[PDB]
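A.B. asks: Each chain, letter by letter, is given below.
2 protein chains.
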Amino acid sequence: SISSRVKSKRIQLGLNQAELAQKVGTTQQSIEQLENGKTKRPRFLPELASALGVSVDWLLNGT
Amino acid sequence: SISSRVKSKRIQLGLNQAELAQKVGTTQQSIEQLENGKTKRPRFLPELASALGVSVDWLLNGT
DNA sequence: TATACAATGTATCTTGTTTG
DNA sequence: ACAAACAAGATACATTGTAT
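Chains H and R, in that order, are what the protein sequence lines are. Counting from 1 along the first sequence, just add 1 to a position and that's the residue number in UniProt numbering. Counting from 1 along the second sequence, just add 1 to a position and that's the residue number in UniProt numbering.
Since the hints were derived computationally from the structure, they do not count as laboratory data. One or more of the hints may lead you astray.
Calculated pairs, PhoX-like style, for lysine-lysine (alpha carbon to alpha carbon, straight line, at most 25 Å) [said to hold, decoys possible]:
#, chain 1, residue 1, chain 2, residue 2
1, R, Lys10, H, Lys39
2, R, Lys39, H, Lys41
3, H, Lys41, R, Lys24
4, H, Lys8, H, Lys41
5, H, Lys41, H, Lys10
6, H, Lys39, H, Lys24
7, R, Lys41, H, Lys24
8, H, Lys41, R, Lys41
9, R, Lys24, R, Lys8
10, H, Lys39, H, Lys8
11, R, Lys10, R, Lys39
12, R, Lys24, R, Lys41
13, R, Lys8, R, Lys39
A few chain R residues that don't get close to chain H, going by computed Cβ distances all over 12 Å [unchecked claim]:
#, residue
14, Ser2
15, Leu14
16, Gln18
17, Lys24
18, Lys39
19, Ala50
20, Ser51
21, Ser56
22, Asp58
23, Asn62
Built from N, CA and C at the ideal position, the CB exists for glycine as well.
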């Protein structure tokens, strides 16, 4: 799940929702709504996936 | 722009906004604003790149 | 026909505050 | 005071219905 997936990778690169959230150009909370399943298709999905080193598809449909 | 690239890459596929909206899993209306600059980052962007047989970056930055 | 316009609803974003 | 969450008010995008 896109929340499990973004959380697990974030922890992995060893970042925190605020730092990730700078990399993504977004905010902590925005990164939070995401990770806590409060959003599904955020505007920065593309830019999130690139901060995470994965693909917008893997992110979406775990692949 | 993305509105621009969506138009052409659909124009050359013989799909109408409506039957493109059909593959993309969306309305014609939704395909119209995008192509017509009414929306920047559509949420069906992943499936779109997939109906236009391109990559989300190409669509996005045209690069 | 095929595309566009318009309003209303809903997702997501923002900023402020909050609890661990 | 550090890090993750809650919550109201704002905009961007979607949906529906209609019209060029």
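A.B. asks: Taking the hints in turn, state whether each one holds.
C.D. replies: Now for the hints, and whether the structure bears them out:
For the hint linking R/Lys10 to H/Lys39, the alpha-carbon distance of about 34 Å lies beyond 25 Å, and the restraint is violated. Among the hinted pairs, R/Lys39 with H/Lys41 is consistent with the structure: their alpha-carbon atoms are about 22 Å apart, no more than 25 Å. The suggested pairing of H/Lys41 with R/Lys24 holds, with an alpha-carbon distance near 21 Å, which does not exceed 25 Å. For the hint linking H/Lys8 to H/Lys41, the alpha-carbon distance of about 14 Å falls within 25 Å, and the restraint holds.
Between H/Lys41 and H/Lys10 the alpha-carbon distance is near 17 Å, which keeps this suggested pair within the 25 Å criterion. Straight-line distance between C-alpha atoms of H/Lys39 and H/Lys24 comes to about 20 Å, which keeps the hinted pair within the 25 Å bound. A C-alpha spacing of about 21 Å is found between R/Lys41 and H/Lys24, which places the hinted pair at or below 25 Å, so the restraint holds. At roughly 17 Å between alpha-carbon atoms, H/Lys41 and R/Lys41 fall within 25 Å of each other, so this suggested pair holds.
For the hint pairing R/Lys24 with R/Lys8, the CA-to-CA distance comes to about 15 Å; that is within 25 Å, so the pair holds. Of the pairs offered as hints, the one joining H/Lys39 and H/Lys8 holds, with about 14 Å between alpha carbons and a cut-off of 25 Å not exceeded. Of the supplied pair hints, the one linking R/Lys10 and R/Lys39 holds, its CA atoms being roughly 18 Å apart against a limit of 25 Å. Under the criterion of a C-alpha separation no larger than 25 Å, the hint pairing R/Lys24 with R/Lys41 is consistent with the structure, at around 20 Å.
Proximity of R/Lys8 to R/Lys39 is assessed by CA-CA distance (about 13 Å); at most 25 Å being required, the pair is judged to hold. Here R/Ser2 stays apart from chain H, with its beta-carbon at least about 16 Å from theirs, past the 12 Å limit. With a least beta-carbon separation of about 21 Å from chain H, R/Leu14 lies farther than 12 Å from that chain, consistent with its non-interface assignment. With a least CB separation of 21 Å from chain H, R/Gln18 remains clear of the 12 Å interface cut-off, as annotated.
Distance to chain H confirms R/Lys24 as a non-interface residue, since its nearest Cβ pair spans about 17 Å, more than 12 Å. The claim that R/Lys39 lies off the interface holds: its Cβ sits roughly 15 Å from the closest Cβ of chain H, which is beyond the 12 Å cut-off. Its closest Cβ contact with chain H, about 9 Å, brings R/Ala50 to no more than 12 Å, contrary to its assignment away from the interface. For R/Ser51, the non-interface assignment is contradicted: its Cβ lies about 9 Å from the closest Cβ of chain H, within the 12 Å cut-off.
The beta carbon of R/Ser56 sits about 9 Å from the closest Cβ of chain H, which is not more than 12 Å, so the claim that it is off the interface is violated. The beta carbon of R/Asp58 is not kept farther than 12 Å from every beta carbon of chain H, the shortest such distance being approximately 8 Å. The Cβ of R/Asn62 does not lie farther than 12 Å from every Cβ of chain H; its closest approach is about 10 Å, which violates its non-interface assignment.
Checked against the numbered hints given earlier, this structure breaks hints 1, 19, 20, 21, 22 and 23; the rest are met.
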